[PDB]
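*Asks:* These are the residues of each chain, in order.
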Amino acid sequence: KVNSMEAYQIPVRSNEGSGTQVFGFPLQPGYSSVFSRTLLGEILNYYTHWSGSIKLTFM
Amino acid sequence: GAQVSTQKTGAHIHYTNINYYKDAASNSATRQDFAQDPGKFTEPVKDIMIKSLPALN
Amino acid sequence: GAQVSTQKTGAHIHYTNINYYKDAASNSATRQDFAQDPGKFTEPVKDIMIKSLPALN
Amino acid sequence: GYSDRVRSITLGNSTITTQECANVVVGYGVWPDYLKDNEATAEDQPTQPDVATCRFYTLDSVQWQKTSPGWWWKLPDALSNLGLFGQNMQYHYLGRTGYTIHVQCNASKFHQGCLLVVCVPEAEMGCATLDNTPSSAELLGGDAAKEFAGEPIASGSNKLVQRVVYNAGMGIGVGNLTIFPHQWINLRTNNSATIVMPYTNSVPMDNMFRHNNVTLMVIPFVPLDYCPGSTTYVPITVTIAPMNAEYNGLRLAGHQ
Amino acid sequence: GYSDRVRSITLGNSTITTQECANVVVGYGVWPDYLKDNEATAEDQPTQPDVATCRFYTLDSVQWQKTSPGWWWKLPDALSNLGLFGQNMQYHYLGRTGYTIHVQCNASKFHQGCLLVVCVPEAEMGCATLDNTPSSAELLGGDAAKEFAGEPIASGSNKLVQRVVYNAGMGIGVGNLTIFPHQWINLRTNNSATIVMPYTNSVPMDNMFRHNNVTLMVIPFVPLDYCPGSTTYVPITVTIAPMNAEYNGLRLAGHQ
Amino acid sequence: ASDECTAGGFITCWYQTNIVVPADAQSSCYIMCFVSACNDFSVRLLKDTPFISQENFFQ
Amino acid sequence: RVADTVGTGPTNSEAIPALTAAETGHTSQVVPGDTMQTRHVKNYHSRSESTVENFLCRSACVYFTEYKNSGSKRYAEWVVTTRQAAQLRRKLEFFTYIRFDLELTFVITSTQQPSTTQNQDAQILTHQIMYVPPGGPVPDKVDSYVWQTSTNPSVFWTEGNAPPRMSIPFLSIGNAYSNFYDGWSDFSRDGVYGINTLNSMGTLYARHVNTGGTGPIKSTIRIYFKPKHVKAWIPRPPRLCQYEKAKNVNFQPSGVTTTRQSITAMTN
Amino acid sequence: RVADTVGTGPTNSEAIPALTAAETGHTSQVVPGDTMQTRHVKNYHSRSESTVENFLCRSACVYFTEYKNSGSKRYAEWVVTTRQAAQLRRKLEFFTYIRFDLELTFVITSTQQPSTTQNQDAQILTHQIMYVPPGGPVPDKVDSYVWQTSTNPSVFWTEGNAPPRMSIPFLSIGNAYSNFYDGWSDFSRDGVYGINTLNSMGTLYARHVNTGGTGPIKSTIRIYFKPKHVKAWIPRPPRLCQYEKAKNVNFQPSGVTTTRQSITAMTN
Ligand SMILES: CCCCCCCCCCCCCCCC(=O)O
Ligand SMILES: CCCCCCCCCCCCCCCC(=O)O
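Taken in order, these protein sequences are the chains called A, B, C, D, E, F, G and H.
Heads up: the first sequence begins at 61 in the authors' numbering, then just goes up one per residue.
Mind the numbering: the second sequence is residues 1 to 12, 24 to 68 in the authors' numbering, read in order.
Mind the numbering: the third sequence is residues 1 to 12, 24 to 68 in the authors' numbering, read in order.
Heads up: the fourth sequence begins at 8 in the authors' numbering, then just goes up one per residue.
Heads up: the fifth sequence begins at 8 in the authors' numbering, then just goes up one per residue.
Heads up: the sixth sequence begins at 180 in the authors' numbering, then just goes up one per residue.
Heads up: the seventh sequence begins at 13 in the authors' numbering, then just goes up one per residue.
Heads up: the eighth sequence begins at 13 in the authors' numbering, then just goes up one per residue.
Derived by calculation from the structure, the hints in this document are not laboratory data.
Keep in mind that the hints are not guaranteed to be accurate.
Below, in silico cross-link-like pairs of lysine-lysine (PhoX-like), each with a Cα-Cα straight-line distance of 20 Å or less [stated by the list, open to error]:
#	chain 1	residue 1	chain 2	residue 2
1	B	8	G	240
2	H	243	C	51
3	G	85	G	153
4	D	116	E	116
5	H	240	C	33
6	D	166	G	259
7	D	73	A	61
8	G	259	B	33
9	C	33	G	240
10	D	166	G	243
11	H	240	C	8
12	H	238	H	103
13	B	62	A	115
14	B	8	H	103
15	B	8	C	33
16	B	51	G	153
Computed far set for chain H versus chain G, every beta-carbon distance over 10 Å [stated by the list, open to error]:
#	residue
17	49
18	95
19	241
For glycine and all other residues, C-beta sits at the position ideal for the given N, C-alpha and C.
Sequences are here, hints too, so could you generate the full structure?
*Replies:* Given below as structure tokens:
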């Protein structure tokens, strides 16, 4: 998936039973693999300490 | 012509600096320039959008 | 902005200090801070006790 | 009353009207404007063709397929042979201009797809061979779209642009293209994307043929997909209008 | 501008956002409020867990089938083992609280169905056997929905709630449930129903385990029906938030 | 850098309700995620980044 | 100073702060209080290390070269380029256009080289560094007239004291330095393509002023760059790739990110 | 200034200054005059050396390490810890919580090492010290890219002059440094237990910038710590025990005090 544009996409489908989990990732932006290469994560790799809230947007 | 400025200190103290050269390129860096404005990169769009209104109407 | 302060001398005389850095962490130590208050460690108890009264009455 | 979605843009003798659009984006919050006398290096008076150069020009459409890596256009090359504007630059040594970009895609409610329309200043593509710089024919397509390749260019000893989609040719992550000014076209929510660009460059005026200022790139993050019997052909059309175009250095035609 | 249909409710650390909703209903025109000193029988100070108790709690979803008589929940029992709020009532002899009810159902335009969401004070169900009162296990379902039966309970000599849908278990006509505060969810017009209830009871405070104040009931007047190849599973989710919850009579945990 | 002392948190997604589609509409769709620093966010102790390395000076 | 959160209380309303449109491209800007009840907190945190000047105001070694007091290679010549060191190159690449004064520190270390000669006596070596502008005559031999430096800036250093230091004014034909140029050197478009086209900062030459002893001595000169009075515009994404040449941005293709076992899993 | 005694005269009274209660835990506070007749004496004595800052404002050597210009061990790495030196550790232990700026002086001495090689010539050694924050890449070899230090603070020293000196701002995630932590690294409580859990101050690396001569040279670097702008709270009793590890407070059991021959005897 990282080799294709499918990395960014998150799969969803109609399912027989409600309550299934779409996805799960670690909160920290700097160390986690999912947020390490993003704009904010790359800037963080430069700095030792980080502070404050993160906004996540889902379309 | 000595210049007196504030120092970098914690919250919850002045340093004297004198220029000895006229090249002006021999001065120290301007570390204390704490100004930011995200308006360019974020909220680029012409028509202003309010925090809690439907984005498209 | 020079600062003039008293020196450490005997009993029974001023030194000039100028800060040349803005980091504020580059300053000298505050050796002359002679303030003490044993009230915390000694006489901790809520109700005050007089020097010459029975301790428990 | 009025609708945020409805829009109408009129430039020269060309008018664009879309019933549904995402809010228009000005890339750095700056409208394109003519150059200041205080900032102007050249002594000679500039010539401003006004409405002639400043009109919408429509380019050749492309077909959005379920597996299209991407489509990309070098904008200065795109309008290099189109109307008076193509003629003026060929005649003049120096040209500076604003650019209006309008990308239109139409699909049925049932269709589902997401395209990223980003304009990037000074994009430099990198050749597949390390020892060779990329060829001009590969770098710029005149009158025709240049297409990204899902796989990396194979091993070679020839000039060839590196087209892998995730690197986007700049050897940088595709997801971080957000910092560059951009507008998302989602088939359920948006019919088309309008981006307005201030002129950007270190020099106040630059020769257009030798140097290209910005590059429009379209990539689908989400593949196009539809149920059987739906229209299987989807058309994407790019319309570009010059803004406040001006020219200097009157010279004999052609570049060498 | 704004839309009457769009809504956003924020309680504690839980926020609910529905694009389409029918106007919210306050059942007697009274907002839930803490008890007055003038009206308070108990001398001891009450303990108010504030945001802890007052947050949305999501219950187990049910499947809407073309032939489902009905689904019904005893609300005090529903939240009896959920978070701090379940813990506080187990610890305390007396509790009085307001209740927020939010019922969400999602369907395609082609789907057609009508559900009646009614909260009824002091509903008493009647046992199928005349000589026997209904059993507690039949009367209240903890962590699970209790379902109405289209046919009347068969002849028996055992405890068993009478579940026939038209009587609704109260031995009263289903159509006259309008007098009780209610909100209709029609698949063509409404996505979800929000009802806000003032605390209702003769006594100012009552032990929650022995006595239940209100009962949420869902019944489909019009059966769900769809053309073939449409999603055949429809999910109904009930989310309940305590309002102005307060507790008194600090006691050792458990009921006997 | 990941710290045993400070654990940022866990972020997860669930189906509140089953996805519903009409006949002739696809059962399965996709959801993109965007991550950014909020107004309260801040950094300190700037350090060299882990990702960039060179075996030799480039030519 | 960092913005401080405002305390909030529960409300039911028509307004929808959390709901927004990605298509517009206007980044959503919503505080924690709009999504949940919050408490009034004052923040003394300062955004004073994120400033571009603080980020780029630190010495880094752009390049080092070796020259010999005896043998064929008497002196070392290096063309002045920022790109040959990855760390300096990556941070400069973060902005498309940068304007900045340059601070230069040179550190020179001499190592004795093993040899057959014996009873060597070594007078303190003196080292000369000379910078030539484009079209200045290049030295062809160590004993050349070019080493007089009447029209050329030059520094002489004696071993065993502080490294020589100089300040450079912003030197460009252009208003700003261009990290990336999408252009050809000629109008025809047949020719070298890249930032190398705008590359004309001159060349630097280092030689032993004198030889203290008969035995061979090798000297390494290290060049350090510190931006000053920095001004940036047009920010660019992180490079995300290992470098390959200093004359082009050509890259081996790279996966987007390191891969976890599953979408649900919290382990990298 | 020290308090000065007041003169007193004999009296018979109901009041009982000497009598008090230990059980209350309020330390008794009685002057010599209350117990006996005294004479008015003025005191010019000053409590000006007991101040916490004066007590902790002196350089002490926390640790020293050795690295070689040739052979396998080219460079030395030390994790930055106060605990490994007993004198520094004991005085810091006197307060549970301490807040303080750090002053660092490095002294480097090189000793020639005996060898079979002959007619050695030695150019002045230059020594580089580089400090890496947690998660900065560690150097794996002496010739690594990590030694460029573009993002890392670093000092270069030439032998034969004043030792390099730097000032450090108070660095902690916490409001104050914690001398003792009664806690586990994880929620489960199965894992390492101790102050080592809050230990993340980074690592320090020292290498020869250049090699002057063929013969082997060994260099010792000594690190000195001086608290500045000191602030203390929650004072703790004297340790009263020899240390055993720098990661734990584990101790061999110790008698309370040295023993005299008899309760009556005045001889230790
Ligand atoms: C006298 C000895 C020192 C000579 C210094 C010559 C001037 C060097 C200036 C280099 C500036 C590099 C700017 C970034 C890279 C680029 O734009 O080319
Ligand atoms: C650039 C070279 C010097 C690098 C100095 C790095 C910072 C060291 C700070 C050590 C503070 C120790 C405080 C007491 C012990 C502790 O709390 O861990």
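*Asks:* Against the structure, test the hints numbered earlier, and report the numbers of the ones violated in rising order.
*Replies:* The structure conflicts with hints 8, 10, 14, 16, although it agrees with all the remaining ones.
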